[PDB]
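Only one chain is shown below, in structure tokens, and it's the form deposited in one PDB entry.
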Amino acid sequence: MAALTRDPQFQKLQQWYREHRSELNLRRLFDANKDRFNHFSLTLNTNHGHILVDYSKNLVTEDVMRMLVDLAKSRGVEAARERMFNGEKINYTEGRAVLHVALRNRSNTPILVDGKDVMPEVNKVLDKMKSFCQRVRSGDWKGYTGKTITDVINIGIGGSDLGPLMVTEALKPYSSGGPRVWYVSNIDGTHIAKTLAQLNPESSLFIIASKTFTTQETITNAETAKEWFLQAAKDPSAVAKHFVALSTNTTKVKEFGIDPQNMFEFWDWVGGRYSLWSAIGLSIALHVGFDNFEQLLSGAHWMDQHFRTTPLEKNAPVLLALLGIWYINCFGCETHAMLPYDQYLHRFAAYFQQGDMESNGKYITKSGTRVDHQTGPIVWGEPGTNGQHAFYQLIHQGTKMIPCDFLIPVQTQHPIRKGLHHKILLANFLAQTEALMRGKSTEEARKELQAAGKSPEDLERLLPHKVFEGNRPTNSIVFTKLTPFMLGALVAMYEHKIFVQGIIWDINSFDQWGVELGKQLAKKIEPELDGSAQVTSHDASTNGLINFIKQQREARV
């Protein structure tokens, strides 16, 4: 018995579900309540765009929502939220604060950790980022042969990669006048090799993103880039004009050949998967400009404030979190699909696979007892309409219930053909959730087939295949335009959803002990791959795979 399962509000939810779930049908709910949209949607005015969070096409009633809010209160969500914002060490397995909200604290209200306001250091780094971006983008910063920088290459793994990549992809229209950005993350040599082949050492700037500056994959990639660079430049002192670090390890950064005045710091209370708001976002600021980076921070700051000051029943991240709890812990849905109808957001779902799954893919509660319920879902998705033409067949007519978040900006960055493309995109965004909710009954389908002139035999044969059961729930999140500020707000909104869910489950959303074993076992296997000897030190499978690898690496195909 974990905290969640012992909670009385949760038990009430489970009981309601057992006795009413058979009665949850979206067509009937909408048919019976013309005010349903008004009662189950939230409109936020950020002053830089509106966000409509329409959660009306969910398998919930007023009572369900009331009970879910009651659960949030019973589980101490608000108090936990205050602990985070106040700089308390809520990352309890690692004794650390959790302060990505400090990174984007534009108001500069003091946030104390161990007796010291963190804002001065947050702002010192931001100031350094701003100066650097101005120098690089303006052409002031010269390469070793006196040329301007045309390409910036971020080298990092996990949280040092996904955020910056997703945001620069999403904000590509705001990069006029910025250098090209490249992301190298995989230790797979293909990644760095194929990137370097397209670059000029005289005009490329590498950004090595690693807090410790000892991260294996990242430093290997970094060392490979340096070797390539020196092959052309020869002079070790030239490295300082072409490599900067996002790290705190001054000695290692200096030893690499980077001038430490170009080491951009961040802190223990910045989790990698919450780090794009820090120095880690340097490649974003370089690409779209520091002004745009500040707008991104400001958007997140707005949402932070929304989350902090809004009554639970009208609090966007809380409601999203609660809906997820309902589908995960009552309906048992393993996954959560994120489907932005926006090609610029093509890596948004991939970003939340880390942000969500690495945060809440957990099983030990704060008290040390194992959970006896589900925790975080498997997050997945492709942007519409691409995903729509790949896997929606399964969403509409498969055997899995799959909560989906559909997202779209009202205004497109590319209003080509007098808005025709965006009109079709919007129509599909709307129709898909409508279809998922409504379905098509046997009766309706039969009438279509008859109207189509199908013979009775053909009709009876095809009929069942044309039926859509519907009742498939979705959220529709519509926002004015995907600007830097609005993206900031949207990302922060999901960060706080994830936080609320973790508090409810009583897990630690901010550690990641689950990455350790794989790292340990890889270090053991590395040296064993060298040479031609048979390996017999592991289970038979691991041995067998290693031995096949040894046999085949000498094969001439």
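Positions refer to the first chain, counted from 1. Heads up, when I say rigid core I mean the largest set of C-alphas that superpose within 1.5 Å between the two forms. What changes on going to the form deposited in another entry:
Only one of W141, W228, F256, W380 has its C-alpha shifted by 2 Å or more between these two forms once the core is superposed, and that residue is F256.
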Given for the second form:
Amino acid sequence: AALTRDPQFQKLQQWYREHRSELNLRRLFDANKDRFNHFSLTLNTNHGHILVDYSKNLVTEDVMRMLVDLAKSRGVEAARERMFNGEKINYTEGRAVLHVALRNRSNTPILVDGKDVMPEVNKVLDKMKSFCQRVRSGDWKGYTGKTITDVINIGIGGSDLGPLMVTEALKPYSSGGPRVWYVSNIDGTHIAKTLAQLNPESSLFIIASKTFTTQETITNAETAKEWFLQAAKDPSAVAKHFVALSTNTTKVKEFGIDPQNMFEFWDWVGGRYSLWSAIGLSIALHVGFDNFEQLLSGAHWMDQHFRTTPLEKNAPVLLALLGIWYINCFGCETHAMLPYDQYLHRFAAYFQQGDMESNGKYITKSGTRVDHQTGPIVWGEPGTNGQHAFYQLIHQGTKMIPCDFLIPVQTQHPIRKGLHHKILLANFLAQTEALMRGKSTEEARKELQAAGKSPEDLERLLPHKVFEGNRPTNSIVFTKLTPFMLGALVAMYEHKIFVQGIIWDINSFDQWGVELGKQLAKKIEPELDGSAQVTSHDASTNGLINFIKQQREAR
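If the structure you just shared is the form deposited in one PDB entry, then what does the corresponding form deposited in another entry look like?
The following holds one chain only.
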């Protein structure tokens, strides 16, 4: 595979074999008082600063030069220009990849098939702006003349995770917006428990689906419409309570949504890159279109940083390369995302899709199988909660787990004169310091001596109190979690993922790996119906089905 044959990759591997032992953080920081300045970036966006501190990673200045040489060798910069220029870099599907066009506030032309996409992008944005104004002001009335109080997004995956994570994160900005609800699972619990809390007369349903064929979303949408028409008893009332966010005009009409009620996007918007498009309508409705424009603007700023910054000081490139270093030299399977912010409690789940569906790949551009690791398993929970759930394993288990810690300097809720946020910041700082420094047998012994432990009791406990440390982290600190700054942060990680993919020579923008499960579920669905035993699959699938059939009528 390309990466394995790359001479810069082999130098990195070779260096790792010879010098891995020189990578002790305790020693590196002691021998370089300037380490933080040398291994950090400060970004002034004009709407907040972002500090990307990667100095607690197991790198030296030689390692980062070799990693930048790898990005050059693998053609990161030329691949970047192909994306921004509208070339069909999604080569398995023959598509452009232009989530950057969605937030292209400069309106500089971006050509696909020689045609500028920005007129159509801005036509849909204008349509969302006007609709949001009418809904939020109460000028858009329901079928009994009431204003809309609840907006329900029905969609899954790329049509759900982004809008949910952003509306969660920007909750302080939703004064005067309708309540927003997200129904995604086919599990009837999800729609049922939501509809039970709603009035059809004041509820606006948004059917989010790129294809408008996804079984979960269409089934959920048909259930919501049946429920709604149970109350309204008039087909023409659907036009006041159902809109669609899709590329598929034909299926939207067949579902019965008026064409004036369809907000379009395009095939070069990948679902996991789609919150910047019409899929973001639930965001604009909740926090207002002006805050949505700020979100796009912050992404635009990061796009420009990614495009114009030399690789060696380019935030998403450096994050990408650090991950390559941990994935392909150290062998780390996972990457933890640990925001110290309750509003970001859906941020890790969002990049599970964004990262893992993009780079969970094993075939290269040339059709050949990779002979190296690709994308990691992404996981995490907000701090401080994670400290009391799983940091035990991060500190004193047997796995190496690169961790991104994120926090805003300014809280949306400066209660008790800042007391809570002070404690939060201090834990944020303490945990990376603890991961890096650890605690030696000599340091733990001195503590147990001072606690007054008997020699027997002390030798028994001592090895359990030792922290081997040397566990690497990234610390990403930003002024405040505004719409603009959220946009910049999400875009930072989008381009991190793009860079890793180029390095691995995979297609970050397709998802052929979801097809087989879909096919097999279509075959199983009609077999579940009766009480007849199923014997047509492997023995486990049959046995599970037959157990299901048996237990259907247990009371």
